[PDB]
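Here we start with a single chain on its own, the form solved without ligand ADN, put down as structure tokens.
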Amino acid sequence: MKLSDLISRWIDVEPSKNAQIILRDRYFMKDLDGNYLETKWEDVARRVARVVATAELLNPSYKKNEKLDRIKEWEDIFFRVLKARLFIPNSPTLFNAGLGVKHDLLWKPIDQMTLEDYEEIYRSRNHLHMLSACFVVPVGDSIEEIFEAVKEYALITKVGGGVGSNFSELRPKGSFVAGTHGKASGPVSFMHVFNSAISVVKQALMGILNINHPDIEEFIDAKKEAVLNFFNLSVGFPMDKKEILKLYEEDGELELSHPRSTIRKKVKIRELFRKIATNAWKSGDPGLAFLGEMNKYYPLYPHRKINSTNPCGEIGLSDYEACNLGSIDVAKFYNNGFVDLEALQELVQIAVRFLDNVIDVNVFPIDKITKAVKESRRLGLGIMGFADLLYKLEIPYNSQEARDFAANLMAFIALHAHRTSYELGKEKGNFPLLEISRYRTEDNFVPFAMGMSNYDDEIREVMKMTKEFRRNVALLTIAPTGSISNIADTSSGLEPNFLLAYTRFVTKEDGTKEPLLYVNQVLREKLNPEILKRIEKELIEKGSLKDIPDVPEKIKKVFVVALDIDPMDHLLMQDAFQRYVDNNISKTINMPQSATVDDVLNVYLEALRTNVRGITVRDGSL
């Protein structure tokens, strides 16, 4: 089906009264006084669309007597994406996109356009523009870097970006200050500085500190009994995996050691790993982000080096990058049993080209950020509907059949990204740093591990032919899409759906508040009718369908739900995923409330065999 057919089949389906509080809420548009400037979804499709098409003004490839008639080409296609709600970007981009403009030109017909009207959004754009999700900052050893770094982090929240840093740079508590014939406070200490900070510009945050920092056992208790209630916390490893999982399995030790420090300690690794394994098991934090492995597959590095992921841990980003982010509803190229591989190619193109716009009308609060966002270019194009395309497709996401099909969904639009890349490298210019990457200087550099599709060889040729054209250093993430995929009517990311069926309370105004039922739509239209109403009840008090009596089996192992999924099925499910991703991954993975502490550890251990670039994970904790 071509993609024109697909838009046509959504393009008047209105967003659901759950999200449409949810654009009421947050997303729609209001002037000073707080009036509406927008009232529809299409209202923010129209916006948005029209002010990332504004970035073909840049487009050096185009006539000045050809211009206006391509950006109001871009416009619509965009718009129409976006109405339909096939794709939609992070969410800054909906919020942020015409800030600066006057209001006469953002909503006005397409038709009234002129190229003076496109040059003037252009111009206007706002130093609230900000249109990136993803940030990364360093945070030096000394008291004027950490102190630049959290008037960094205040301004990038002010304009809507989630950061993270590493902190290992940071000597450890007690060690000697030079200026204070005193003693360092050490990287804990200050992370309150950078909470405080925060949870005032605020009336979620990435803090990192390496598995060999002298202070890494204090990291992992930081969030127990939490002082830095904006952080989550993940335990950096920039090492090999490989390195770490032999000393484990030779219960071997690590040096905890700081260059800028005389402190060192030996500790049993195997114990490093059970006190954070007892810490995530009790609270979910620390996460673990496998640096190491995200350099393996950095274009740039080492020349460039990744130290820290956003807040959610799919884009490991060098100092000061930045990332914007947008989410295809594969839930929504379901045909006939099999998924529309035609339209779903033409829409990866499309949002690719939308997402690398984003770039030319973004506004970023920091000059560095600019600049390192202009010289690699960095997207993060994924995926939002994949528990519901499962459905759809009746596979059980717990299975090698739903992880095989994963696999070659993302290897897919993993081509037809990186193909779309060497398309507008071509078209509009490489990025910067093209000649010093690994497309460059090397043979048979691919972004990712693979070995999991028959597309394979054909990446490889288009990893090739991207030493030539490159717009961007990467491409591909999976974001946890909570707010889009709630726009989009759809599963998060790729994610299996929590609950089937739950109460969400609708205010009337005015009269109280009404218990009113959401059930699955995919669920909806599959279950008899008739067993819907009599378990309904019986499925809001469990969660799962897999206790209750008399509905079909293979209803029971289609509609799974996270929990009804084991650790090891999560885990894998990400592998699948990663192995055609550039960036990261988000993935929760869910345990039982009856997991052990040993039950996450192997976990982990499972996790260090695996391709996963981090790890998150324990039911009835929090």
The other form holds:
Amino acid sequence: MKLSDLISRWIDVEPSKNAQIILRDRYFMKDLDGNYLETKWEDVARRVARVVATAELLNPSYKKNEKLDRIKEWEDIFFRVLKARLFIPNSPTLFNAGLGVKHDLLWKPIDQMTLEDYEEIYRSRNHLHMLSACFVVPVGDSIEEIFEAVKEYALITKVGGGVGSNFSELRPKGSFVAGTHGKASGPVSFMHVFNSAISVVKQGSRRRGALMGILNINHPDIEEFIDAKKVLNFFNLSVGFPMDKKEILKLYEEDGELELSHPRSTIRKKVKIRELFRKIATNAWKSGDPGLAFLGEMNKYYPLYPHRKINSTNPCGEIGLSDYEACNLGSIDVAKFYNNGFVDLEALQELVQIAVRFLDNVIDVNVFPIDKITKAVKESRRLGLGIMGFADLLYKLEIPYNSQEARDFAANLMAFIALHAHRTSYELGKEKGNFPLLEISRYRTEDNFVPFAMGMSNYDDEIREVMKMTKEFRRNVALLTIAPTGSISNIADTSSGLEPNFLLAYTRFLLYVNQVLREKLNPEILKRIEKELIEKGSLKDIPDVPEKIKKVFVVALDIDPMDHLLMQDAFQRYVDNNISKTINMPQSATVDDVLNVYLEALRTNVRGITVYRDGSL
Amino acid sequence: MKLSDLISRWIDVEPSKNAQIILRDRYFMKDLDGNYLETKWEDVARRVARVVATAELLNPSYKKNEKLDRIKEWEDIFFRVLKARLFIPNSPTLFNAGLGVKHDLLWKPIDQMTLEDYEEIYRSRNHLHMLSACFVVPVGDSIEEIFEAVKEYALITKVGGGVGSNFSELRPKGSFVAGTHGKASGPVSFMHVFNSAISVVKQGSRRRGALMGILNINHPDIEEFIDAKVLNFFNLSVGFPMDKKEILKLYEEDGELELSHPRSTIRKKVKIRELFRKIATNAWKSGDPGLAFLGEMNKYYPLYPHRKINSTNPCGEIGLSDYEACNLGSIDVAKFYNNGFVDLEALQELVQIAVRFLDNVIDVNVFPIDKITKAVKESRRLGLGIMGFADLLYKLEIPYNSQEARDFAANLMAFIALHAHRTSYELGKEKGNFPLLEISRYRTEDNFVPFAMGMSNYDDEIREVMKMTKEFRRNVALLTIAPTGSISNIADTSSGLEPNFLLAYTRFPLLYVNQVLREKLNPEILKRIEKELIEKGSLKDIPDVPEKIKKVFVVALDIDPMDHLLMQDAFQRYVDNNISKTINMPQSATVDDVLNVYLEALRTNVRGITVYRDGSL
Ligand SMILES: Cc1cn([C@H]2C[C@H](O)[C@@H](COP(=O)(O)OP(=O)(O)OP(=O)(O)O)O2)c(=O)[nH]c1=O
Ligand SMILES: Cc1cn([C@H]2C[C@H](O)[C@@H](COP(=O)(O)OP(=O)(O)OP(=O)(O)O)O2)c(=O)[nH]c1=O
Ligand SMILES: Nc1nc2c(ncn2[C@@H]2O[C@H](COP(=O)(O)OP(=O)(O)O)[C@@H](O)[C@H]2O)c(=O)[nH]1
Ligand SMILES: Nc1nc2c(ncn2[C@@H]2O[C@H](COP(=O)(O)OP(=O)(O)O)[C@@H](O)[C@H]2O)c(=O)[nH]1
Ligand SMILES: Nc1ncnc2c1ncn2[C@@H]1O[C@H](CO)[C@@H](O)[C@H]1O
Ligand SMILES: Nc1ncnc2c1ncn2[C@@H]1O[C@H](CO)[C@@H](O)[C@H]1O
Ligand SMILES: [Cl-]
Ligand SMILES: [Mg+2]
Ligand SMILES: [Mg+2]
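Target state, the form deposited with ligand ADN bound; input state, the form solved without ligand ADN:
First the chain shown before, then all remaining chains and molecules of the complex.
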């Protein structure tokens, strides 16, 4: 089907009452006095579409004679996709698009727009006009650098960004400080100061701070870091693995020792890698932190490595970012692409093309609080196009999430999306110009570079061809991710990212009940079991429910840890950034079960791991 | 007698074993390996003398044919007075003098010094070469300014400075934040972040952070601030930017104060008497917060209103404009006792030397922040003070708690003020005026004097000297009395203007007895009463101790609060900066007694108040 007709199917489907509450609470724009300027999702769609379309003012392929018509066309397509909720950008684009701009320009009819209206929108974007969710900054090994980084954290938090750092540059606790002849406090002590700062800074009531803190496995304070969370409430924590996954796996299998050391310290120590892993697994089993960040694996696929280097991810791990780099995200609701037993790839390809252009335009109208960030982003133009609604799409296709069928399906879907996204980046490089660093990247200096593992789709050869093409034209260093979509999946009334539904019937702080199950399950057998379902949190052992329904409508805890993990692998094979995935584990899971997840993760193509044991906290 | 004669009596007297412990612990310089580069006080005196004498390189009055000669002469004189411990600069001068300089230059014999050697010292002072104890920085009402100030606190603390701020620009808790449509955390919440930052920064083993936080009496969060003590690195003082007379009048009338802020809409009225009682109650319990009479400080500030004092450093003794710093040094007046009188001949010569020393410190000082370098160069504020005052009173057989002592104090301080300012005149003539002389009240007024006077017959001469400095003046202000918490130990003498807290106690088991008490008391009686003296902490109730001994050898708690306060007044009349003075109060004091001290303070010439009730903490 043509995308335009899929749009018609969804564009007048109104957000649920639950979605509308979320929108009214945090998304609808207000004036200084607190009056609503927006009252409907339609309003947000218009504002956002208009602001993002204005980036086309910079399009060198457009003559000044045609710019108005072209800009209006893009605003129109952006608006319709947004209103239909087929694609939604990360929350900050929704919150902040249009800040600074006159209120009589943001929602005026598109056919009344002039070239001057668009130029005024473009010129009037203020210093708060921050549209990207993901940031990384360095934390250098000096008081000057540390406290500058604290300030950066505050500035980023204020405008609504999530920020991460690798703290491994900071010399270990007890290390000599030549300036004062003193002893260093160590990275963990400094992280507490970052936490205290973020306790008093936020984007009002819209968005509290969200941080990632990584410390590398061979840092002498790694043991303290692993135990740090039991304070650091604004931090997610992961252990960094800068080395090859295969090197760490080999060390483990051979029961080897890791040398803990630091370039600006005499503090040295040998520890058994098995013991370190058991310590991590033990803490993860207890409380869910810390995760694992396979930085070496991120750099293996980073087109600018080794001249640039990924040392950290943003808060939910989905983007590996070089120093001062930021990234803007957006997600396609693939559940809306279900049609008569299949995914409408005709419509999907069209949307992928539009989505990549949209996200790339966001860069041009984005305003950052720090010049080094503005520059890093301009030079690389990293994007994070993902999906949401995947679990619900499987429901409609009658495919159990915990099956090889679903994983083969996932790989082919993500391969298809990657193919067309990268083809779009080629076309965009040709039209608007290549990202400034193309020439020094592996797309250029190397033959056969591909920014992911592939290996589970028939699209592989076509993907290889397109990667070769991007030696000459490429708008973006990387294009894909899968995010948690913690908010935007709720606005879209669909399942979150690649995650299975956590529950088929529940209440959040009200009542949510899976729309796809409503449509499949007979209302008789539904009214019955309803209570039992909300109490057991699964269909698994509710008697008198068709075996067919039970197998399809699985929830997170119905799906064993390895099936969670292998699904992450299927997607990561066709994602050039990373992926947010929780490996849910049953309350009855052991520390050794966690260790087994880690070892299996080391053999798969995943770039990081987060585990959460039911009943943990 | 001539100063040279007094130097001879003291120069070969080595510091007590007690002092040597302190020196070895944190004053003696070490190499990167931790080996001592200094092992005797005279080594410190050599290094410090040589570094500060190096400033004479910049003296425009010297011909190059004499520059070596002059520099050597000043190094020699500085060395002699330091070694003799007649005058000692603030700790950071002793800690940091010479950092960056090749070790073969700091201690070699002065007869081996060439002009090139001094130029080399001057060139190689590094970024840690910070020689001043007292700082103030502003904290502006924005996230950017707040966290820039946090960084400034860290940098200052690293090099061993003490820093204060007035936090009143920060809008009250709950105030609107336009950029986020949020609510402000308020100053007290942000002070916690400053405290957390300073918990992980220090000048090695030498000294931890030391901070002052002030909030003005009319700030809407004043009541929360008053109860704020989590803030362990802060001393707190309530700021009074209005005239002392105005607040006394409001108190006497049982009037109300309007609490308001420029960046907030909510105003509140409170009884000034209720506010004062809240302050007195907390100070009675815990010793905080103090009172800072900012308006009284600006009354005597030569640059007001062009420049403005909003805060003091940690112990309150210097009122500083934004980004201003000040270096201190104190003369041990106990060593000037001679046959029933103070030796004014020798003391005058030393005041002249110490003022030149302190002014030279500025030329070889390195600050961490450019705005501080600029503010210091423009004003050249100094803080020359005294220590050993209590022991001098002992030798003179004058009870600290008497009008006699207070009259003596005023006369002594007037003499010092007179000759310090005379020296600043001469220095202005020789080296050049401080750049802001022209816009100062020494120039723009008739009859400006930077203190109240009124208790000395030196007043007329002081008036004449201030008039002369209309034409020449090296320094905006010259005088303070500091706690001397460390340098009075090094000099083996009483601290600042404070009475001795105790006459005898046990060091580590070593019995210490005040040296003067030992010389005046019959050794037999001493051995007899020692036990009871340590137990009771005073001679007053000990039987068979001569009445005259009891009256003369008073300690802090023998002296009533009003007698502490009036001594502070006597000094403050002839000090152009402020004074560190603890108003000790007996454990049996009431909150009403504290209130009465506050009210008497408003009637006196004191510029601030700190009280401490014995046994409260
Ligand atoms: C000064 C100081 C540093 N540190 C830590 C912070 C950094 O991680 C590390 C270095 O701080 P720096 O500010 O670089 O100290 P320095 O440059 O004077 O000493 P060096 O030449 O040895 O680098 O030490 C503390 O933990 N506490 C302190 O007081
Ligand atoms: C952003 C933010 C500010 N503040 C406080 C810090 C400052 O005291 C005060 C101003 O912060 P600013 O950073 O100056 O906020 P703003 O410029 O976006 O808004 P405005 O025009 O109203 O100034 O608000 C918070 O307490 N929490 C926050 O999250
Ligand atoms: N500052 C801040 N950033 C967040 C928060 N939630 C998410 N982010 C950022 O947004 C990224 C994507 O999260 P996602 O759940 O997909 O956000 P959504 O766009 O709001 O649905 C995260 O990795 C963070 O970088 C938050 O509560 N605060
Ligand atoms: N950072 C820091 N500053 C201090 C400390 N003690 C004193 N200061 C600063 O030095 C000033 C004078 O204090 P004083 O006791 O006379 O210092 P001394 O030279 O060490 O004897 C104080 O007002 C503070 O500004 C400390 O422990 N740490
Ligand atoms: N170290 C971490 N701790 C908690 N959540 C993490 C971590 N790293 C990535 N995440 C992601 O953040 C989200 C937490 O709700 C999930 O998507 C999860 O996969
Ligand atoms: N608010 C305050 N102002 C000045 N000194 C204080 C204050 N609080 C405690 N003190 C202590 O009192 C002495 C100086 O008055 C120093 O020891 C200092 O640390
Ligand atoms: Cl009482
Ligand atoms: Mg350094
Ligand atoms: Mg502001």
